[PDB]
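Shown here: the complex without one of its protein chains, the others still in place.
A, B and C label the chains in the order they appear, each numbered from 1.
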Amino acid sequence: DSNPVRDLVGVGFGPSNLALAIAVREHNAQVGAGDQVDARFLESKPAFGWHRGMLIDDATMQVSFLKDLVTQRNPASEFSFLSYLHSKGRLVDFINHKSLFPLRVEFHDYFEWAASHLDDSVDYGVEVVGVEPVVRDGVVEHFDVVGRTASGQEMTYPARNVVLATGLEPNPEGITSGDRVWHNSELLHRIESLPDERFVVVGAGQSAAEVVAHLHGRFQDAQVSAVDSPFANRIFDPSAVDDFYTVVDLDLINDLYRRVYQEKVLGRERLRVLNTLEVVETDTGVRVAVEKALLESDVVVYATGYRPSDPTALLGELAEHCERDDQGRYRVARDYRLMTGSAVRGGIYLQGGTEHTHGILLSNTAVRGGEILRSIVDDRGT
Amino acid sequence: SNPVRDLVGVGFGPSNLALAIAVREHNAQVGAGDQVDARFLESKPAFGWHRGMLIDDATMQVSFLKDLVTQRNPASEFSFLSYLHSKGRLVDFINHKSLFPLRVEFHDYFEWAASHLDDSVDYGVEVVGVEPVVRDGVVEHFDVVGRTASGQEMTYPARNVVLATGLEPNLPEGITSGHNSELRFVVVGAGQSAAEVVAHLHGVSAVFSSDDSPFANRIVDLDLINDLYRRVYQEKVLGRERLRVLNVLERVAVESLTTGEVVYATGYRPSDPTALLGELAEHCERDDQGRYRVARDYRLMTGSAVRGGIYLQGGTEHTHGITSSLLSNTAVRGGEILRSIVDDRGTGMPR
Amino acid sequence: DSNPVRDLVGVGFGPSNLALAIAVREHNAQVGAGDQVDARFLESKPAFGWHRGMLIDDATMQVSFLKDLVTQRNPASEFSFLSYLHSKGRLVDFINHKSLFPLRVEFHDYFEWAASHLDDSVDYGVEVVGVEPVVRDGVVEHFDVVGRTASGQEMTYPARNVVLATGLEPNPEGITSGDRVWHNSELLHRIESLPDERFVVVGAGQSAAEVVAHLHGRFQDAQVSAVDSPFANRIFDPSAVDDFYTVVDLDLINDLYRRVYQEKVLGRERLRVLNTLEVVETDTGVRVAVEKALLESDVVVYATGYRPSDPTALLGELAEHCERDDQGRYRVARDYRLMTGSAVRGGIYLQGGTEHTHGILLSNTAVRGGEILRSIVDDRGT
Partner (left out) sequence: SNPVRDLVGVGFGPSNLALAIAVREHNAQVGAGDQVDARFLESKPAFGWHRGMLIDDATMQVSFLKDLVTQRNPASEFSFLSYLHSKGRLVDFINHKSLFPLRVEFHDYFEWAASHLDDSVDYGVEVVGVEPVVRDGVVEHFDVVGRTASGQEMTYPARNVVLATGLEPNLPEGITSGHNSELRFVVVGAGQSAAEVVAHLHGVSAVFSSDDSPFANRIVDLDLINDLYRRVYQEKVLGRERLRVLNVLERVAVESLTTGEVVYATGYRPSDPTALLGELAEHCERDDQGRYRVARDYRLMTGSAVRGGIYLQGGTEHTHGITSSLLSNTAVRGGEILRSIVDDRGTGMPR
């Protein structure tokens, strides 16, 4: 009987579920030994690690440090970004720097430092193979979260609740990937594996923008062929969609068309912007067409963003029990609970993919996490 | 009387409130034996950084991060961010993607912090002097002497005393009124960021006055710079807007330099503590002009006669910048002063 | 026989036809007394005058001085904006000011100064009442442009060619205007005629943006209720649509949502942004509804831009002879000639409304004008 049932088991340990893990810690401090919340998180990766694909070593963050794992839920937290700076002695230098936006690498080390303090909360290298329901009076009292190590042994994690923050996955029509057709996230692990070349960047958003620039880079004498404030007050009021349920960068804008202009002016165009079918990759690149030009090159990157993992497999039996919309997409409650019915007594909660897609995110990770934890504690008693 | 306190502080504006906040976060973490007993005495009957309690609706040129507490402890319940959270404006502000809040928000934040720390302060008390408590020509502690609005006198034993009485307008020979804050065919004033007053004056005739980036804020507003150069440029054909703004001698006008056409304007300097010191003023080291020297721990430099400390939290230089006493080190200096007091409290004294 | 036939008669004398008038002058200088182009322009207004509706006295121009009447066709012209500065002694102060964008008022005086030198080229207060064709062998050799003074007398202007730059007109569904329902252009002539109030600004673009701000303004303690680089390289190459024929301001963005934010923060909201039928104007404002809220106020402004004058009336008989698209909209040649057929021997050319709408313009006034004039001179001989 080494596995009694936990209050919560979370699947995945990226930021989203780390943010939650933090609130479980801060909650346990305020409450006594009788109201502790017992949370375990399971990460398939052997160690904590956000995205390896966009580590452009001197990019600044598109988002303000205030959107860290914790602050929008609790601004007095030992695990805010400012708090991490204080422990590495950089708070003053950062406060003086008079910016909202640090480098993408400080957030990575911040994530690593948060994930490090909360290391007891997680088993890494454990891949969840299913959430199977534990039934009594035709009621699912709790779940056996089943996990597999990298050496094959299977484990059981009883939990009244399950939280899904498995992260997301590359994407609408194009459904293939070889040795010469990459996704925007593959660019670093592959640039470091190709060594005058030719590229093509289908895409949208800053994702596709960032490749056209680095394909230039301190790098290529070759060809590369491309194919803030609106949400500062579209957020507006702290009310959101509770009255109704009752992708550009000005600096990169100019930097790239500058390159095209200056290259038009001086003739030596490393760049070629394009505006407006099948692909036939042989060994000499690819024979993909556009409405018509069966353009060919060496490699062809994209940027149609990311999408949340589909949980049906993981749900197994329970997938059937979940309310759907008119398309069979999963409905989601206001407290981020999958809609299962009174048949199912515990909850299955969602961070991550909830509604949206396409964003290389953290917009509300902190507050959603705490709202979930309070939903879990409320359901445990008055 | 009282038992001797770890520190008695003079004044309760922003500077001393930061210290008070720092005193509290200390007393929580440490046991009941390492508690610091700090009292603050404020002459005004209520807290008010601005006694005019009716200021602007511009943004602050300083990032909210220079609040009473953050730069010493970013995990504090009394950060500006905490204050927003308590008003449910924390989300709106994060979305607003700014470093610089409105002038009124910081005022309200000061007021909100000063309310949480009401127990550490007595208002309506004007400290009139520190007479040294001596045995053997040695000052063991201080009697901070204060008088209410009714004349009654009270005494406060303290091993340490902290001065954060704030500052004073800087005026040379001429002083009149009929300063930069007091706001017709002629008035007067001047300043280096008086330009920041000059800008809004648009919309009557008045009279007033690189290698700068390394390591950042470790040392004028570019936007008002530009608005002013815009305004003067756009003002080809037509002179000054609604007034006649222009930038030395004395129904009264003043002449100025070789040829020249009663409120004032200038900068700031800290209150002189000599009066408050009385006897002890002479125990204090001075520079080659007799000005008060100040240690690294912000202690007045008093002889070995004096065993406790006299500290300065209220900023001690000629700042020339209102609402910038924060961009200094109020938070961190406060904590540094606080740490100085707990240290001299345990040493068995080896010189 | 006091009216022989002119090479060109132009209808209207705003910028578009003034730009053309200038090229007729510069052309006449280069050529001898035998190849002179005889151009007359007719303006209904009694004097030259662009838009009276957007004279916000310290706005800067949205467009660079290089887009003046002349420069993109001839950068060495005595009637560029820089040239006008030189004659008022402001060239150095302007050159030193190190900006591309002067105030909207300097362009107005520049327009007035250009229109002043070219004053011989125009009769003002003459309203064109029709372009009627002059026929011989079933061929229209030239046109009688017919014009009426403000005192009723009618005049005839024979011209081998006619150029239409009548300007544009307010606009999609809403087709009415009273004493309490304005267009974006009426705001000044009406703000200066109203004297806590209430407004409503339907609209789009910077047009509607500019009213929400001034309705605040150094003015109203009242309510106001709202309802660059992309074309720097979308222009790209100097090739345009000859391979294929073979609305925001960052400063105003922030300035307005700043107002809404600061007003949310401090409670005293003079502003109310809105996001997502019939109107029933009685004497107490108007009873217009939105999908539902039959909102009422004092006045309701719009900003659905402008559209070109429809020339069918002016064409009279000739309107029938003009090629149409699949909707009956007028087709337009590459040289800006209405498509009439070999029946019609002279041309009828178009500045202004050509294809687009919605813009409170000058983008190509200079080059289009010269292209038209050369089309007219080419058609006059080898």
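Here are a few things to note about the model shown:
To be clear about the criterion, a contact is a pair of C-beta atoms (placed from the backbone, for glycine too) under 8 Å apart; a residue touches a chain by one contact, two chains touch by 3 or more.
Screening C:28, C:60, C:223 or C:233 against the full complex identifies C:233 as the residue touching the chain left out. Residue-wise, the contact with the chain that is not shown comes from C:91, picked out of C:54, C:91 or C:252.
In the complete assembly, the contact with the undisplayed chain comes from C:66, out of C:66, C:250 or C:343. Checked against the full complex, the one of A:87, A:177 or A:262 touching the unshown chain is A:262. Looking at chain C, the residues touching the absent chain are 64, 66-67, 71-72, 74-78, 80, 82-83, 85-86, 91-93, 95-100, 228-229, 231-233, 235, 237-238, 367.
Against the chain not shown here, chain B presents residues 210, 213-216, 220, 225-226, 228-229, 232-233.
Interface residues of chain A with the unshown chain, by the touch rule above, are 58, 90, 93, 97, 103, 218, 261-262, 264-266.
The definition used in the following text is that only the chains that are shown with their structure count from here on.
Residue positions of chain C with contacts to 2 or more other chains are 261, 264.
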